[PDB]
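Heads up, the chain below is alone and in the form solved without 4-methylbenzoic acid; it's given as structure tokens.
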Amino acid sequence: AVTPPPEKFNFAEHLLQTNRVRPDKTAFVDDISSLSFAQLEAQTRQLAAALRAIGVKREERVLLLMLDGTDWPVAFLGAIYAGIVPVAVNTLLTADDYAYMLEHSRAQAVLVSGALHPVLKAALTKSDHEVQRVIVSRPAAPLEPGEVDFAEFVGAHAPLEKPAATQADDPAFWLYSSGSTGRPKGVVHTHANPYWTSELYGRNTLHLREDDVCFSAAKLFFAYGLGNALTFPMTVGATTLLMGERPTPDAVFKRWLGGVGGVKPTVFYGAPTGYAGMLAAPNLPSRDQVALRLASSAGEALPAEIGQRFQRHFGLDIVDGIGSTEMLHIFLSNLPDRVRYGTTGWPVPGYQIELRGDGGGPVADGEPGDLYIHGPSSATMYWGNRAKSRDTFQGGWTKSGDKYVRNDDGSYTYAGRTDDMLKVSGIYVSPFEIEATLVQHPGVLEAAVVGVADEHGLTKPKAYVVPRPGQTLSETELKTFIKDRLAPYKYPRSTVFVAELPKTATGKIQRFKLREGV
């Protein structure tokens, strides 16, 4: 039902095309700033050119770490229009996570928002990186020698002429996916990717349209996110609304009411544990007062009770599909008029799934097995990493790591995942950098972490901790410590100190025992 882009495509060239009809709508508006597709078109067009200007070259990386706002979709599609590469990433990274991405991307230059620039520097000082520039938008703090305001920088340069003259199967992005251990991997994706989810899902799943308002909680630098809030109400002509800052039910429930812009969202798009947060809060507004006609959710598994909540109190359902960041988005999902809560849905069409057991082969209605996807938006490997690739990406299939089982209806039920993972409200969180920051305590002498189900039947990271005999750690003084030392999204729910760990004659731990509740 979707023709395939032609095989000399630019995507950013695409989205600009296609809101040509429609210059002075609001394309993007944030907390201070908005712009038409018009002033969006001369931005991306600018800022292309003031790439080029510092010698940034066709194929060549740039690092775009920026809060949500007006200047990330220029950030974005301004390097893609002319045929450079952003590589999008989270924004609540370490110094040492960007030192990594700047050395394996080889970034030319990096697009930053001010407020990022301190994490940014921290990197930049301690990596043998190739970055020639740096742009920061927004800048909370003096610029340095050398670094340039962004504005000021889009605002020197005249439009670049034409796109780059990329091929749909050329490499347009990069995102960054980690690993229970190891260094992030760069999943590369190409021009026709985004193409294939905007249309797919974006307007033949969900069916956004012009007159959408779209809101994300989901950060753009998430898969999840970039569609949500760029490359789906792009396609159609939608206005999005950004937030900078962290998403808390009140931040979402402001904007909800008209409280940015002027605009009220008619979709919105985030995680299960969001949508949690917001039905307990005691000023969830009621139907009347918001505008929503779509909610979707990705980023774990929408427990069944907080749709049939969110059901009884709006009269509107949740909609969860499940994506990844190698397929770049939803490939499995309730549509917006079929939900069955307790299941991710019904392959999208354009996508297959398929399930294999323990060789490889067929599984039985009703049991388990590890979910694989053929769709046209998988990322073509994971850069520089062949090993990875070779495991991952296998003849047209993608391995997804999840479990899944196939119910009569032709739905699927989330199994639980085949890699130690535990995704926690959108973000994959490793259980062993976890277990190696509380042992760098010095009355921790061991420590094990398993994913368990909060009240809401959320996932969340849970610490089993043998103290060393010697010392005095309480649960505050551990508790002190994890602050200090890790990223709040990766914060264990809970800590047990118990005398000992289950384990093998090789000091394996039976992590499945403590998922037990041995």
Given for the second form:
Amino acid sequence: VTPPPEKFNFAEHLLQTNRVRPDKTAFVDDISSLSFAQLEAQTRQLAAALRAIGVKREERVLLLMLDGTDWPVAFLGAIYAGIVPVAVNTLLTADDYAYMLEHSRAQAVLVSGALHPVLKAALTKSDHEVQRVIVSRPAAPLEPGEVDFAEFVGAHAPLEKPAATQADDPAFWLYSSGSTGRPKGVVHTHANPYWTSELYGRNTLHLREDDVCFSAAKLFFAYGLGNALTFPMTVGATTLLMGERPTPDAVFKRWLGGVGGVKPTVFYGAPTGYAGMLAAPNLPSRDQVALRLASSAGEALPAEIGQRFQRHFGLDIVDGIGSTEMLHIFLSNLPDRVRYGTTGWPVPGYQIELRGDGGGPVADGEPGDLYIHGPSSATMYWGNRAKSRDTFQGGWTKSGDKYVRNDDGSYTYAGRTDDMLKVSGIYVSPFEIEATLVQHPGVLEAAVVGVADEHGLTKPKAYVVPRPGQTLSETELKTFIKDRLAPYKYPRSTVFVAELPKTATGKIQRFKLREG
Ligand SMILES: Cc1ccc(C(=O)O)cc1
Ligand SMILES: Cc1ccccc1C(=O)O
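Same protein, different form: I have the form solved without 4-methylbenzoic acid, so give me the form deposited with 4-methylbenzoic acid bound.
After this comes the whole thing, all chains and molecules, with the earlier chain placed first.
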């Protein structure tokens, strides 16, 4: 793969790539479609609109939007202008967004109508610098000063050329959270999505022009950003977007060609979603679908899920691991070589190392901490020098994972080096869940660990010590948390206990809880 030139604007790159196919559909969702020509026009008018309201090169804007055709216009338009979109999870709290507003110093916000109420609460509570709120598909009357996304785009002439950025200049941020503390601003460059798109999208997956891509993973996830934006635009594939929460029925409706007159040929999703589909009574038959490739990431794929998918559809599920910091997948199975129970082999372009307790080598078959050296690494966590030093260790990026290397050069997952869980393919801190449980007046103490369900997928399990003089029932605890956590964070079970195992200093021995 040829490096990108030093003067490189990643949006311009994707637009230039598709000037050969102006009339092919770039993106389609339940209510709208953009051809590559229409996407280019609107991308460039958005870029003009953000500049017209005073947002300067290198400043940030918050992009808080459901998956839909306005999403890539917002993302690429900011980048075309040399403005830095900060693309975020749509299922966070007002408090989380308030922090992101302040931390990013965002100058504008591009927000879906459905997300406007959470955003409003964030704006009201924070010391933010937001000059304009631009609302895609408003679901309530616009407040004074706010503007509808379609009017904002349509009122500006397209910018005539892109910001003259360099390849290593910041292009966008994603946020990632660790087991405690605030979300970290992961800073990516213009070059980074070129590398992932070339090395993984093109060279590992062999995506091509006549593909139809559909990612259950939303665009704000590193995984989905590649799967449903940077990958397909690099090869001129058409992309299906869906605003709603992925469920088996929503995914199947799309697989069968229920939206936009297109049937997906490439699907991406978490192992949990694949398990859920295979358990669904109305799982489609092979002859009803056009799938040729199935990708998974977010948590390790249990072999049985992969094998049952293969038996039903005649397609393997290609499990790979990436990270927000590496932007996309660096260790993967291949479409024509899958080894279930492993995450496959290093992606060409990426070097992997397993390090032991002192940074030393590990013999094959022994677990080590996983480090990556490759060209799509983020440069830092914005404003966090200490976290940046721990993760970005001189040309090596630490992942948080442990792996074993096998005799065939494949790698098998061996757990995390922190206390994070991956649940339904999404990070969740057990300490967050603990912090929510102990605010219930009937709870004295709580400890949360990951446990494998019947499919071998990790879910939270909570051990709870009731407060002696209070009432507390499992169904009241369920109702308490329904209210306060995202559904993927729900403990799969809660066990009421009289005490927890502890060190003589009061530290909970979580390892004993995992050992039964
Ligand atoms: C049915 C289904 C498929 C995939 C996902 C996911 O979160 O990726 C969730 C649900
Ligand atoms: C977290 C992540 C980001 C990009 C690509 C894949 C993954 C993964 O979850 O393994």
